[PDB]
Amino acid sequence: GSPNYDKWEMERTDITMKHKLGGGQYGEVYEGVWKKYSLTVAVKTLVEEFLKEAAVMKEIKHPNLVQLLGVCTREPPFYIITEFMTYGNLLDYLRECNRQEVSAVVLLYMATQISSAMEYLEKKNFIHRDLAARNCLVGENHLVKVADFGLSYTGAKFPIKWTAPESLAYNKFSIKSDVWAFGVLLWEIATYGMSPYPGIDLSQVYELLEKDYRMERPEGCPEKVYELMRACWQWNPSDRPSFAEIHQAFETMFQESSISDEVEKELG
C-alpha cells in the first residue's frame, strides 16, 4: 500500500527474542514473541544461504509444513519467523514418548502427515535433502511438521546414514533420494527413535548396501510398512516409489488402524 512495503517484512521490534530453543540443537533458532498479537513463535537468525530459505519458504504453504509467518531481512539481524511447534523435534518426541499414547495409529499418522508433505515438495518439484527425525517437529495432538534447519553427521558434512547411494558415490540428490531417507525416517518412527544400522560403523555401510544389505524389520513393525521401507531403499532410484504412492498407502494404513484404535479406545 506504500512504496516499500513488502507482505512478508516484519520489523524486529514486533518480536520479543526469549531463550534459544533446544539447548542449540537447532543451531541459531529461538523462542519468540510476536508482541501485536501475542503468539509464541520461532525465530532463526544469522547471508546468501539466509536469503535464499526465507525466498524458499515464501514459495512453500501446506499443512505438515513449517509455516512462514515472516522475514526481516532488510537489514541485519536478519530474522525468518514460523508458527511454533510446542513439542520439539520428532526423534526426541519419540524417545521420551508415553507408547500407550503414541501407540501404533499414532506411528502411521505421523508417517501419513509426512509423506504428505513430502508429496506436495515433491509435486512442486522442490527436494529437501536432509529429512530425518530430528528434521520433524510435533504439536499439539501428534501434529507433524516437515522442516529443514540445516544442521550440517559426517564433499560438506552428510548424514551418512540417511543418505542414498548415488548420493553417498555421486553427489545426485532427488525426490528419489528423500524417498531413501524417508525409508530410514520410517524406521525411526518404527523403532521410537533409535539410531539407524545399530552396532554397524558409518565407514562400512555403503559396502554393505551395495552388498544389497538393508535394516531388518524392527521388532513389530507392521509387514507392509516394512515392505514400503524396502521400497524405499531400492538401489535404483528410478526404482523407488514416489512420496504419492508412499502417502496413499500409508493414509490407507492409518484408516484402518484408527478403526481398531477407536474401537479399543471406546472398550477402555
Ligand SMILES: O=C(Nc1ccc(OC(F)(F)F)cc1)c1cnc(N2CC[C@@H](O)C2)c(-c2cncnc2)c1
The other form holds:
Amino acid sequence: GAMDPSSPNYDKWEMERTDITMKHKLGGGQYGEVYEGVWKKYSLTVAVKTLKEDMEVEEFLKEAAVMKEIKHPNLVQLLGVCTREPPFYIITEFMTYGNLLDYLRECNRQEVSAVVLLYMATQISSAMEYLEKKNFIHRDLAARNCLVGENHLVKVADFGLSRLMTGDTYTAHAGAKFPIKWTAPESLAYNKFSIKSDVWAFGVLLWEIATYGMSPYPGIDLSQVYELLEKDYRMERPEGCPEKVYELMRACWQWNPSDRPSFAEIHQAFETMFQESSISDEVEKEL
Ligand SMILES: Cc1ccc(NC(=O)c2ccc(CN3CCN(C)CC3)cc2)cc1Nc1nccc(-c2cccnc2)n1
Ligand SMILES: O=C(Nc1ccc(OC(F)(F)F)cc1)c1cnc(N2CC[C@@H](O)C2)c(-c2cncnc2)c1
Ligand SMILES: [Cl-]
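Could you present the same protein in the form deposited with the ligand bound, rather than the form deposited without the ligand shown above?
First the chain shown before, then all remaining chains and molecules of the complex.
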C-alpha cells in the first residue's frame, strides 16, 4: 500500500483525495483549473490545481516536482499532491486576500501605507533571494503572480497565466505569450532568461507596488517598448516614491543583465535603506 510508510512506493507528499472536500473554481476562472478546497482533518481552506480533460501532464508533474524542492515563508507552500492516478492535484495553502495586483488596486490606503508597501516589496525580495540561492528562475514575476495573506503577508506564486489571462497583459512573441512590459530586453530580443531577467521583472513589480497597481508604461504601445528601452528610456519615478526606492528600480533596469543587482543585494538594500530613516517621512517629503 503506497500510502503506508513501510511501502517502497511511499511519497510523503501524496495525499488521500478523500481528505479534500472540493468546492468551486477560484476567482471566477482567472486561474484556470484551480479550485477552492477544504482539508477535512485540519478544517483548512486550500487551493487545488487540477488538469483539464485530455501533453501538459509532464509540465504539471514537473511543477509538482519543483514545488517539493522549495520551502520559504514568502513562497506559496505546497501542502500535498494527488499524482498516483488521474485527475492530478497540486494542493497549496489558500491566501485570504488573493492576488497582490487586485489587492493593491482595491486596498484601503490608510491601512496599506508606505510602511506596508515596503514590507510587501521586502518579502518578495526575500522569496527571490531564496530562488536565486537555489538556482531557480521564476520567469513571470509580477504582482498578478503574488498572493496576500493575513497581516500583509505576501507570497510569490506562479499561476501559469500566459495562455489563461484575457486582455493585452500577455501578447504573441517568439511563438508564445509574453507579458511584454515585465520582460527583460534580452529575454525579448535573444530569448535569454536568467535570475537577472527576474531582477528586471522585480523592478517592474516594484513600480506596480509604488503606484498601487497601475499598469506599466501607460499610454505606450507594446510595439514601442523594446525600442524605447534600447534608447535608454525608463519609467519615471512614481509620484511620492522615495528616491532610494526609484534608484533600486533603475538598478533592476540596467540594459546589461550583469549590471543588475542580485536579489541578495536587493534584499540587503531594503533592510538598510530605512534602518534609521522612515519611509513614511520620505514619501511625505516627495509628495
Ligand atoms: C493550487 C496551486 C498549485 C500550484 C501552484 N504553484 C506555484 O505557485 C509555483 C510557485 C513557484 C514555483 C517555482 N518555479 C521555479 C521554476 N520556474 C520556471 C517557474 C516557477 C512553481 C510553482 C500554486 C497554487 N496555488 C494557487 N494557485 C492559483 C490560485 C491560488 C489562490 C488564489 C486566491 C487565494 N489563495 C490562493 N493559489
Ligand atoms: O506610499 C506611496 N508610495 C511608495 C512608493 C515606494 C515605496 O517603497 C516600496 F518599496 F516600493 F514599497 C513605498 C511607498 C504613495 C503615496 N501616495 C501616493 N499618492 C498619489 C498622489 C496622492 O494620491 C498620494 C502614491 C501613488 C498613488 N498612485 C499612483 N502613484 C503613486 C504612492
Ligand atoms: Cl528554473
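For the two forms, the rigid core is made up of the largest set of C-alpha atoms that agree within 1.5 Å on superposition. Residue numbers count along the first chain shown, from 1.
Superposition on the rigid core between the two forms places the CA atom of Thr16 less than 2 Å from its counterpart.
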